[PDB]
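A single chain, nothing else alongside it, follows as structure tokens in the form deposited in one PDB entry.
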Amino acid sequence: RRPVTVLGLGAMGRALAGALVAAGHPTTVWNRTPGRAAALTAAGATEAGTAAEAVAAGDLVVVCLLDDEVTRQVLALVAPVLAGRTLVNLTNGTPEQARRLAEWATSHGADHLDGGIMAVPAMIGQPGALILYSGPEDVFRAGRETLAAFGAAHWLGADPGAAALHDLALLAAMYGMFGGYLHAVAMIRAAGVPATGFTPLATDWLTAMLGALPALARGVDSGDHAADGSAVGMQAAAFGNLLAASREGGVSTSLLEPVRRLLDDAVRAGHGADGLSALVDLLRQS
């Protein structure tokens, strides 16, 4: 029943607004370009003419704009009417951007919640769509039933930057997996072997390697970088054949070279007998 507002009508903002109206929430939408709210209006949404009007029509203000600069601009305009409202920043950004926006919102009499959307716009509203949230737990509690219209809502903690932090961290892990899988498929493809038949072996192997993550995490947190199984120095010695075989098949090594360098660095640093947990500190530029 809680009136909701969506600022930003891209693919994601439209998906968010559509899930809101389909869950029965009275939804008022706005965008810096007209005509984007046509199917929304038909389903029962109200299109406001100004962002300020949209904000004044919502107790929960969902923001899903292009980036934090756009967000900082549109919001500075609606700053006098934020008092008493809850700002839900779903705009992709950085943890520091989130924390600064949280301070600005509090200075203007508004509650603040940040969200990292882990689902594609087409999956918004379905079971399985995941959005991570961070901010004051009671702000999350009062908005949870409304956020559930988008899908799963996982609160991570009070830090306003925690949602974006875990979002982007998970993205890094995903890009690493996919990059390594894509390289493997290119190697397989170069030999004339179908990727379809290779995928089961890859999933079994990668699932097995997921079992090594708890041991890696313990070594990182404790500082004891004990080689669980393969030490970095052995893994560095075996990387050369991977690069050579990639060259044989005419496959670029660009995705793997930075991992090769990181392993060689740990060996040069005297960590050849340690496990992969010793590579985390090597990524520090401080």
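Rigid core: the largest C-alpha set superposing within 1.5 Å between the two forms. Residue numbers count along the first chain shown, from 1. What changes on going to the form deposited in another entry:
Summarising the superposition on the core between the two forms, the listed residues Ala152, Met209, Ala122, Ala195 contain exactly one with a Cα shift of 2 Å or larger, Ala195. With a cut-off of 2 Å and the rigid core superposed, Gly250 has a Cα displacement that reaches or exceeds the cut-off between the two forms.
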Second form
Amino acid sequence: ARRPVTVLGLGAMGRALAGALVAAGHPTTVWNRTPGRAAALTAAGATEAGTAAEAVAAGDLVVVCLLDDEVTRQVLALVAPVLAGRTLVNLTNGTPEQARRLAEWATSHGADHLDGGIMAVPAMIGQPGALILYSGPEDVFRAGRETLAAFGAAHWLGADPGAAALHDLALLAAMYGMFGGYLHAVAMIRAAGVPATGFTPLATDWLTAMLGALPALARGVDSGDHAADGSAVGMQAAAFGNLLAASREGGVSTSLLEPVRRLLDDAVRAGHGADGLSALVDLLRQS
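Okay, that is the form deposited in one PDB entry; can I get the form deposited in another entry now?
If you are looking for partners or other molecules, they are not here, because only the chain is given.
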């Protein structure tokens, strides 16, 4: 039932993942490059190993949560002789192409492969609300899905090994988008002596409602029909000029706004002024 797992990487997230597996009843074998990181985990039942090969030999599922991909692929080489017959689960973050290169390496050593992107902070691992995106052979995922649940939620995005990274990084770009907009709003609000707490209620409500617009932008993106609904790219543009002028007269930098300006203006010059926001997506694809 609770299958034996290996955790390679005893950093902040490594120790939260390993703890989560012990707290779930999985016999957890850990390993770190530097010693001294497993005292509370070993006192919970975890076994610390001295060799990375030793560790990986003690699990049918090898969770890897190292620093970058550079570290990861080095370490996994040292274990390459014993890797065959286990599933790799790289919860280390990276690019989608890196995930796709490691999938080849793994499959050339007779190891299955799953990539993951943790949408959670170490402090939430094991507890509700944690999300870890996963990508890889659907086969491999179904088998590990329950093991992986010890971390939180397991959401599979497809057999593209880079699918976890891609949704991880895209969800970051969205997050940074909203926050970027919000901090500029706050900067404008603060420039005029207006307290920030107090505006955020109104912001959340506004943004919550705006989120209901996305299913229609989704449609037009996938459809091709970039038809408007009451505010076409050309109108939205004129509105952005006031936003740039309000920021320039209150003493706030337009730096976060200037890309959005150019993408709107470029859709006007492209022929989408009477179209909807969905037509701005392939405008970001220079390929």
